[PDB]
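Encoded as structure tokens, the following chain is the form solved without this ligand, with no partner shown.
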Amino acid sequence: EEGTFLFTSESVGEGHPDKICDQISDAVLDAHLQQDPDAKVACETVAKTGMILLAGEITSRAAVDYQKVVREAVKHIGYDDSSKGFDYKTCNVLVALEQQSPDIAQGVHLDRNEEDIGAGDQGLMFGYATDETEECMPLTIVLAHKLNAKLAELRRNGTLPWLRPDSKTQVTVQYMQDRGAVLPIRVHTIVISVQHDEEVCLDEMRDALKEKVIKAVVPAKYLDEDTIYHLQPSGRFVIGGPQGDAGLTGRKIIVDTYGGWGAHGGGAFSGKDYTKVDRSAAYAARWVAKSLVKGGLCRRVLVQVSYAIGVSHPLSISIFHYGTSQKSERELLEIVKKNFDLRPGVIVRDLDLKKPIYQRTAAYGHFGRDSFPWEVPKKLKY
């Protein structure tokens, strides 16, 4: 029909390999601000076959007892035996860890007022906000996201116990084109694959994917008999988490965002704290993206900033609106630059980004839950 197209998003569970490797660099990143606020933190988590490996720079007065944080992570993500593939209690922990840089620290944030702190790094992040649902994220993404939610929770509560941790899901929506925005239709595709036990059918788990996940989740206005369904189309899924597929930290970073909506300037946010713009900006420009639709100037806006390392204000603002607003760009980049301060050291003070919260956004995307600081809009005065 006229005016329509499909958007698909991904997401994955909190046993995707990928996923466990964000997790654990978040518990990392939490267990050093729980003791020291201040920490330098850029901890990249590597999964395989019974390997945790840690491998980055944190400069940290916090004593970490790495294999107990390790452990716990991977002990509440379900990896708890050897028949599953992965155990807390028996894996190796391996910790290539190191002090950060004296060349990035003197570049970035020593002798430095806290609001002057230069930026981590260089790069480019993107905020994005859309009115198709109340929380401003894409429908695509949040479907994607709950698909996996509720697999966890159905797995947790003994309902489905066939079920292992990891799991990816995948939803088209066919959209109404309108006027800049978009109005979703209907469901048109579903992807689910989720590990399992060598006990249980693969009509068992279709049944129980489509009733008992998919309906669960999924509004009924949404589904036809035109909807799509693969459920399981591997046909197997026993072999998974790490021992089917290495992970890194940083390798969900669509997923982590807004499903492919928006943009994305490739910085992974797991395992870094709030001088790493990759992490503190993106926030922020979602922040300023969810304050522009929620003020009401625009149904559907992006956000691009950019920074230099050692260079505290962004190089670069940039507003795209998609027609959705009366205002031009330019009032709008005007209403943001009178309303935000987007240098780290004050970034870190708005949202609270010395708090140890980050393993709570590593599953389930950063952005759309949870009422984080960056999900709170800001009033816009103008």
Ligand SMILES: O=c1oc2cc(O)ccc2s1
The other form holds:
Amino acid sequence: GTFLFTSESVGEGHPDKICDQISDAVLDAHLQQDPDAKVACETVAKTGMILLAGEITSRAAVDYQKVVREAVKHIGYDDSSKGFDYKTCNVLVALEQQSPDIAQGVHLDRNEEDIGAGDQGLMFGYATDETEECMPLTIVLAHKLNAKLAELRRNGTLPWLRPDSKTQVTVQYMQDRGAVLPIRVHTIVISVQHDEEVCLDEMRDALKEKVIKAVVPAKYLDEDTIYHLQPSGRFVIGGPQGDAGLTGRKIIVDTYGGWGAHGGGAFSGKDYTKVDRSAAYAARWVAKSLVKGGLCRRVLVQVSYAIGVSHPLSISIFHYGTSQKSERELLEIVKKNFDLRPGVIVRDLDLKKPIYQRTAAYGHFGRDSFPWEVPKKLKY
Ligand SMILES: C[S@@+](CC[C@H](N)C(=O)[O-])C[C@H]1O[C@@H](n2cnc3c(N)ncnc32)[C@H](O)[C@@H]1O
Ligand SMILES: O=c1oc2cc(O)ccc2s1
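Can I have the other form now, the form solved in complex with this ligand, not the form solved without this ligand?
The complete assembly is shown below, putting the previous chain first.
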């Protein structure tokens, strides 16, 4: 009855995550001045370069050089010794206005509640009762290991740490009538960029004693737990110098770590009219409301849209057998309690607020009581 499941996470300085954070820093800069800004900002990072490419129609006056460099400074890339420096990197901008064909089909002359979806697509929401925050334990632990590395880098405990990191956690679970119960951590991988002076043995000892032990409860660790710590043996070259980064290349880290399902849409750099973000946040809100409301222990929600059409084209609820109610009854409860038009989701989840850079590392779900993490009281 037992099985293994693995999830990964990455740190703030992983090059794809740098791009997500810059794309959301650009979105927030626009929203601070123009709450109705139409933003579709992609970021690319490679050695010495941040390129912004995409489409923005906004009344805001944004200094892209300052926004980008301040985001890179926050991450910690502040010297050529680390492979990247916010003060001296190249910031290239290839931003145009939003296509007038998209604008006319989606939002021009439309009542806000009746704005069309900004694109077609499918999106999923997922929730599981295995943690209080209703997230899979594998991805929660993977994110916490990266957050711990950033904390020890920033407080000077492990001054040899650099911002680029990856983690991976494999948990052994038991099945329980469709729900899943974590038993133990089977394997942990940690890879983190480091300075040229620290030895491999010091790093491996610190990753076990100051990182893993400070994050994973001992009840999940045993003599058989496998540790792959700095498995490549050397990671001095990192950040965009070691690997090109792009916005929207960590969409599973951003969501459920392989659990549930994904429709393919990236979140970062997009305003609420892009249902890839707003409907995915609403779908998480629905899933978490069903679990916290005691209707099921685990649930997958699918929604889909057509460009220019406000209402979803389809809504589906899958409860893995963890509810006494049928999936059709859960679907009727969802339809009676939620309005998944983007122009209504924006009001319910306050999606014009400039809080998006905060979502762009450590996952968009299970953290900080964001509006989509506060369950809705269901009437039925
Ligand atoms: C291994 S690289 C991807 C493959 C790479 N583009 C290549 O040319 O082979 C992917 C991610 O792994 C991490 N990474 C980079 N250099 C690494 C190293 N020496 N050891 C371990 N992980 C590393 C970084 O987080 C990087 O973004
Ligand atoms: O410190 C952290 O705590 C959590 C909790 C989560 O549920 C997900 C991600 C993180 S990163």
